[PDB]
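We have chain F; now place chains A, B, G, H and I with the ligands onto it with these hints.
Number of protein chains: 6
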Amino acid sequence: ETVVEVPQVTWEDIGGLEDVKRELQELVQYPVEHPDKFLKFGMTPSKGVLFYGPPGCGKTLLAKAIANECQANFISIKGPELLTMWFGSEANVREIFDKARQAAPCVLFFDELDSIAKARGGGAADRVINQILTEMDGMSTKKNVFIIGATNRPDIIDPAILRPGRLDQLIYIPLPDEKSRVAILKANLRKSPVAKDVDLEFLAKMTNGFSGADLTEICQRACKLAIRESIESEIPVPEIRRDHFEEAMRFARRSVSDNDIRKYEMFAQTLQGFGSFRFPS
Amino acid sequence: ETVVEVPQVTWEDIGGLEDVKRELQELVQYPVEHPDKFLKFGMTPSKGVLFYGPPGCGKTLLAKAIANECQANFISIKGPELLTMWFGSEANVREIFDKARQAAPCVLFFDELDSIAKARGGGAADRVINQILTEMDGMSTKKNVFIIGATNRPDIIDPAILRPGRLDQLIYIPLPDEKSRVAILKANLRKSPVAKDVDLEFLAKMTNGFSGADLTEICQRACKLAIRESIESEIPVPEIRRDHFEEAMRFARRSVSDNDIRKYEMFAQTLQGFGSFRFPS
Amino acid sequence: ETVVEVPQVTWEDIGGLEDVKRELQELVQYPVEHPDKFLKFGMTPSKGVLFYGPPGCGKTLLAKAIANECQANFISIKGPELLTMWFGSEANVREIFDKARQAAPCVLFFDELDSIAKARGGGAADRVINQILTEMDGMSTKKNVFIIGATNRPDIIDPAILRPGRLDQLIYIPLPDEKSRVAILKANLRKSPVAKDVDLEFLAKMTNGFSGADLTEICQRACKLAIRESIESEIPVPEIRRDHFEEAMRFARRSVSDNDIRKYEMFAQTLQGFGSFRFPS
Amino acid sequence: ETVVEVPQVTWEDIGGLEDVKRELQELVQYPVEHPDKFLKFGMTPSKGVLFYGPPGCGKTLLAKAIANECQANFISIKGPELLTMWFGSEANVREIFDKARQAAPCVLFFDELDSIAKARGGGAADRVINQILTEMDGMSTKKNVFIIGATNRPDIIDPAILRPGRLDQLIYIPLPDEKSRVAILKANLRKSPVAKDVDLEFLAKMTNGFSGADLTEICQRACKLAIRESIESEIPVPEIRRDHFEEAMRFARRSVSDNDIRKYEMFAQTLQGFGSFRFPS
Amino acid sequence: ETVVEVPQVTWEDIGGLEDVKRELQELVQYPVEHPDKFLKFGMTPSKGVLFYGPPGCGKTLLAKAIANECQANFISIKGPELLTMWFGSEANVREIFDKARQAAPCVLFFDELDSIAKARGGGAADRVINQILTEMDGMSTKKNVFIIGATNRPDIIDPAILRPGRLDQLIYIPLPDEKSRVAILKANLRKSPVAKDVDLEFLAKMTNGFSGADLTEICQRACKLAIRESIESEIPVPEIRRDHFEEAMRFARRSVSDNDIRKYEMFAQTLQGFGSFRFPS
Amino acid sequence: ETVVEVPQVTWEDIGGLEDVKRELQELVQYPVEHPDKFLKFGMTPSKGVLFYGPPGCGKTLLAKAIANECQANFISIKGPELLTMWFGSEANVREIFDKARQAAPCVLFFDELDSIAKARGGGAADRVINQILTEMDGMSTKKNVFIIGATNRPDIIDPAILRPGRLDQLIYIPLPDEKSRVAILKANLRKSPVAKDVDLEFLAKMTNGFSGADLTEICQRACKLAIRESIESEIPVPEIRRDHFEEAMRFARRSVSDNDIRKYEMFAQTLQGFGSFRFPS
Ligand SMILES: CCSc1ccccc1NC(=O)C[C@@H](C)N1Cc2ccccc2C1=O
Ligand SMILES: CCSc1ccccc1NC(=O)C[C@@H](C)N1Cc2ccccc2C1=O
Ligand SMILES: CCSc1ccccc1NC(=O)C[C@@H](C)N1Cc2ccccc2C1=O
Ligand SMILES: CCSc1ccccc1NC(=O)C[C@@H](C)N1Cc2ccccc2C1=O
Ligand SMILES: CCSc1ccccc1NC(=O)C[C@@H](C)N1Cc2ccccc2C1=O
Ligand SMILES: CCSc1ccccc1NC(=O)C[C@@H](C)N1Cc2ccccc2C1=O
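Protein chains in written order, with the entry's author numbering: chain F, 466 to 553, 555 to 587, 594 to 707, 727 to 763, 767 to 775; chain A, 466 to 553, 555 to 587, 594 to 707, 727 to 763, 767 to 775; chain B, 466 to 553, 555 to 587, 594 to 707, 727 to 763, 767 to 775; chain G, 466 to 553, 555 to 587, 594 to 707, 727 to 763, 767 to 775; chain H, 466 to 553, 555 to 587, 594 to 707, 727 to 763, 767 to 775; chain I, 466 to 553, 555 to 587, 594 to 707, 727 to 763, 767 to 775.
No wet-lab data here; the hints were simulated from the structure.
A hint or two may mislead.
Pairs count within a copy or across copies, as identical chains cannot be separated in the list.
To be verified - Below, simulated BS3-like cross-link-like pairs (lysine-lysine); rule was C-alpha separation at most 25 Å, straight line: (1) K677 to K658; (2) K502 to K696; (3) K505 to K696; (4) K505 to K658; (5) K663 to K615; (6) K502 to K658; (7) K754 to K486; (8) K615 to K543; (9) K677 to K651; (10) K677 to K543; (11) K614 to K651; (12) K663 to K502; (13) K505 to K668; (14) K486 to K696; (15) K696 to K615; (16) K663 to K505; (17) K502 to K668; (18) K696 to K614; (19) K614 to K663.
Pulled out of the complex, with its shape left as it was, chain F reads as follows:
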């Protein structure tokens, strides 16, 4: 069944994205720690955020990290489960939201919620989507239940979701930058024994269009090469030599083509005038 537990991954697992870090902090951590400030100005906190961007950029990791910062429970619903509600039996959504309700500080996370529209392609609408919207509107908003939905194809999302009182804050998660890349390497690589002069900074520099998944795959390949060498030795070397990394590098491949990056950037810009508005004074 659903796992409702405080994630252990922290912000340091992705060193970059300080802007969205702060934006998330002020969207979940501020309503919860300082409700007395929110009822001062009569502001109603938002209860929905939509992550969009190219695959393998850390959207799930971002949701887990924000849940960890506020020590809020994390409930994760996957795309296959959404498609099984759709193909089936869509009343399970209500009990999912009830499970979230039981734990007041909950970051409900719908992963690839555009899967229904991907599988359906008649307008953008599915019984599961409408029941999710009904449950979301029904949420009192007094609870600390905060919904996050990650998507790779925001262009096909049903516009009904993008409404006030629902997922309204669209956040763009771009490909990792050099500092974020080295942080993503350090995480997911520190577990393995690495020594010699493996300059993770050099790899961060060289890998430019790579995503988190690509760096994960490259570290995976280096570990596998080390394991193969050690096995051949048995049939020592308790660390991953540089040679392993520089051999695994030439099989490194980028998952997202620059055309997709251009499309995501066009979307982000479309969601972007006055510029310098000043009162008469």
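The following block gives chains A, B, G, H and I with the ligands in isolation, referenced to the frame of chain F:
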């Protein structure tokens, strides 16, 4: 379940639209206050109205305001509910109308009733819509039950709905004008503490193509900026200063493009000759 | 449930269409008053007529009037009812026809029976329509039950209906003429108090392309203006003054465009040679 | 060859359109009579106007009338001439513009200048159009040459012509109103002998959707009926009796369907906000 | 024939766009004033620039202004000229380029060179365009001939043009900013007599989505209203009163819809990574 | 007219592509220096090669380099020139080939000969292309004239060209490699004064998907920044500092998207089994 209660929002929450305000007054308040006038001339009052216009213009607020002026109960059915009856279970419409019937002075309000046609795109027809029409025709019309339906896409509405004995009076709700804009700011902003020389009139003047939702977003952004500043101070300032508003303005965005406004104006004109007809005398 | 009662509307409600009035008289009133004459010549009376023409011309009123002249019970089935049995549950047709059969002098009236085809747009065929055809063929024709079907779009009617033993006599009901217009005004206006120099004949002259619905709307607008004036006076004038009319007239709008009228005329002409046939003598 | 002469038709020929009459007066008559006022404010007069509207509404009559009011020479280029220098030999446009240049107070009039695009249906552009544009831009504008272009289908006009320094003022000429209708009857009927109680005001009232061409056809038919009766008498009655008009009316037909009128109205509305702009004071 | 003169319009006429002003200064001024620095570093100056953006933003004005800064001759070729030598006679391109060659400091300006592609809708290619490319490649580049091409539809431009040795620097000219708007008003209005409390800054604030053409139309309308008032008075007031403006404003319309602005912004972004590249040090 | 001169560019201007360098050496050098070996085996040398690959990779530079190593004359025909023969005048091809024939050791180079097919989008055939084929087949092949054709879109080339006795050897020129990149920088940068610790090796490392044109743009931008700084100083620094480069780099963009690279690789693989064929021995 359905909430059947007299709305508290008033006309002052939307300052403008005096023409449609009077038109609504003579469509709901006149049949109820002065039935003795209606049976004098043998006129049968209309029991249906269709609000159409760009999103976020106050159609729901208008329905609630007219219900408040007559002190009639308000029942609100949302688009997700309509779509779940469609995808489901359309016989719930009958009990919804029964609930409305129990309270004689009732403004039944169907929000985004074009949702079924949006999700369906066969011809313009739906089991839920036809059952709604059956219930509409069956209504005695002696009761004070008055139906209002709000739509953003009247072009795709099934023509079955638009007919005498059904939603016949089509009313256009355009974007707020400057006086309406300042009224919408004063409401939805007066709750929060605002001080200094924030000239809401100046904001009303500057925001020209904005809708009610855009002004709501801008006020919420200003409140959030004030909250962030106060929190940073703690980790005083009991009012939203001008700086907050003039910093939130540069993120202000218009939701309805002028192409959609042109389309709505074209529709309204199409629903618009004799000009000067006089008896022979 | 179904209302089975002799209509009270008479022929004078629509003063024109004397030709189709006589044609209906010889199609319903002749078989019933003088069955002995019909069995003399072995002629089998027709048991079906199809009304077609632009909307709001008085087809339902015509059916009620012919039922009233023969004092035959009137059973009216609406388009929403047909569409719900289609979307549902088509066996209700059998019990509807049974109800008609219980009252021997019955004018069964299917209104907008093209509604199913409109909602369906696969060839011209529907479960409810075929069951109606089965029940219509099964009718003994010894009973005085006589079917009438009103349509706005005869071009999409399933040809299965148009055939001997079914709806075969297609009758064209055009827009009202000036005499018919003044009659349609006097009826539905005489109930209200009208005085001064309201020249209903002048209004009939002016309104040329108008239908019954348009004139009804004009009269209702005049009544509403009078009611508004009287209410404002209270917050006298016990009659609708000529000013009220000549004011409401400038909002008068035609419902049927000239293109639709041209299309209906084309259909009627297509349903229309020998010209002068004579025996050799 | 081209006829360059001051037209004899006047404003009284078409009684209505006082608004566009004044507008044309201030576009042609003011730059010519009072250049000393134009050089005061540095205002550069416009040298182009595009008439658009349903056919047979008096656009050519309006051009001739404005030429007559200013006593400016009138040069008329027809649609067939444009299509022949298109299909042919487009350099003759320069000759035409030179002829206009010779007469300084000239109202150059291009009739149905959309004929090229109608015959062409590749983007909206033809060599003759571009040469007309070249000659129009080359015009000094110090001369008094003022271009007018009448169109029935402004939607297909090449956008290049709708530019500043070219045909920029688009004027909408709707169907005649009652006063305009009676004027259009009096003119083009006064020549013939009409007597008895022919009440042209009654005809103006009756004919509502009619254009100038339709009224001209009515008068033509009445004259033809009178001629036929007189000839039959010979093989007296030197006046057109009311019987002739009342018999010719029943053959009266409208040339422009209300769909086209609605399309023209939608275009005009598209070419129609601030509403109440005021200085801070 | 072609007019080859140093333009008189200056930068002050278009107040804003200081960034592109500097960019143009370093594309035309630096090569001409300081060739001794260009041959020092072996850098070959670019001989082509493409202006793109929404219509009526001052692209022609920008070309004239840059020509005026360097006191270089200005040759302007119009779109109709290009389309006529396309429909014709493309060898005249060589004559034009020879005319430019005669004057060494020349800013050759091709206006709406996308006109041929617009009129053509085969692939993107035209004999005139290819001959222009041939003559452009043939240019020695030792001369001071600098080509500028303005376009409203860069998306349909033949890619042949966009290449090193041709129009390579694509420059985006957006809608005027408030400072640019007030500058555009001050120019084009200062010639006329304006007095009272006409606050051009207030108009600049109010007009937000307006272009240069829209402001020019506003000023022209105000001048025309003043002229009409003065002429009526004659049939004094030698200044345009604030009433004239605040009356002309309500007729003000925006020429470029925000959808087109969004498209241009998306193009500019597409033409817009490393971010922080630094040497190892 | 055509320039027939031995190119001065050498192989060192692109340090990579040693494989294709040797392939070209054995296709032009060997037939020319050692005909006595070709007539020994009866081998008939090929007189045609087709360069294909992404734009801006040095195909023209490769043709010039091979012409330089053999000290053969170089004749370059451009795409615009082909398109003007096409749109015009294809008999000029014969005199071009005659000019080539006059110089026996000639490398005739047709640049972007796919330009005609691009402008044409009817099968792949063009009067100019067929005349080129005729002139190419007719050539004795005893002469030393050798034809090279560069194309960016080999997929749309007319297959008639890809025949024995014509352009037959298709050679793929991919994006520059690391050593090729550093060589392309060293050339095209050595002319300018560069000093400090500008580590061209580091730039070669970092720029991975870049083409020759992209590196040229980087170098030009750095030179332009240096020139601007020197001018501002004057209104010293006789070298391009590291700041100039590392600042120009962030504006660097990749001209060829990885999708195009994938398509070119797919084509190359398609033109790419036995694997290990050995005689029975
Ligand atoms: C927002 C990009 S969504 C996307 C991302 C990766 C892979 C594929 C896609 N979608 C598509 O390719 C569909 C095509 C028709 N586009 C293109 C596009 C560009 C910019 C904005 C919106 C659209 C859109 O709907
Ligand atoms: C009444 C505008 S309804 C609308 C509003 C916002 C966003 C989209 C829409 N519909 C459409 O765009 C469909 C297209 C085909 N149009 C255009 C149009 C203009 C004027 C009248 C009716 C139509 C219509 O059916
Ligand atoms: C009999 C007219 S039925 C009609 C009436 C009002 C509104 C719409 C319609 N149908 C249509 O418009 C469909 C189109 C394709 N037509 C045109 C037509 C003209 C004359 C005869 C038959 C047809 C027919 O099938
Ligand atoms: C401006 C109406 S032009 C017109 C007038 C009479 C007869 C025919 C036409 N054109 C058309 O019918 C073409 C169709 C596709 N429409 C319809 C329309 C309505 C409103 C605005 C622009 C358009 C347009 O381009
Ligand atoms: C660069 C916008 S060009 C433009 C400007 C104003 C008016 C019209 C147009 N072109 C179009 O609308 C054609 C359509 C198919 N689009 C859309 C678009 C958006 C962004 C980038 C390229 C394209 C393109 O080719
Ligand atoms: C050889 C790639 S040619 C190319 C290069 C850059 C930019 C565009 C193009 N052509 C195309 O895109 C046309 C499309 C339909 N493809 C795709 C493709 C892939 C692999 C082999 C042949 C084809 C082909 O004909």
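Consistency of the hints with the structure:
1. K677 to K658: For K677 and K658, the Cα distance is within 25 Å both inside one copy (14 Å) and across copies (22 Å).
2. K502 to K696: Answer is between: at 10 Å across copies they meet the 25 Å cutoff, but 52 Å inside does not.
3. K505 to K696: This pair counts as between: shortest inter-copy Cα distance 11 Å, intra-copy 57 Å.
4. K505 to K658: For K505 and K658, only the inter-copy Cα distance (17 Å) is at most 25 Å; the intra-copy one is 43 Å.
5. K663 to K615: between (38 Å within a copy, 22 Å between copies)
6. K502 to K658: between (38 Å within a copy, 21 Å between copies)
7. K754 to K486: Cα proximity of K754 and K486: one copy only (23 Å, versus 30 Å across).
8. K615 to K543: Both: 23 Å inside a chain and 22 Å across chains, each within 25 Å.
9. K677 to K651: Close inside one copy (9 Å) and across copies (18 Å); limit 25 Å.
10. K677 to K543: For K677 and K543, neither the intra-copy (33 Å) nor the inter-copy (40 Å) Cα distance is at most 25 Å.
11. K614 to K651: neither (38 Å within a copy, 34 Å between copies)
12. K663 to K502: Intra 42 Å, inter 14 Å, cutoff 25 Å: inter-copy only.
13. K505 to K668: between (57 Å within a copy, 17 Å between copies)
14. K486 to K696: So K486 and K696 pass the 25 Å test across copies only (16 Å; inside, 33 Å).
15. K696 to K615: Between copies only: 19 Å across, 46 Å inside.
16. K663 to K505: This pair counts as between: shortest inter-copy Cα distance 9 Å, intra-copy 46 Å.
17. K502 to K668: between (52 Å within a copy, 20 Å between copies)
18. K696 to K614: So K696 and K614 pass the 25 Å test across copies only (18 Å; inside, 49 Å).
19. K614 to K663: Cα proximity of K614 and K663: across copies only (18 Å, versus 41 Å in one copy).
Against the hints set out earlier in the document, violations occur for numbers 10, 11.
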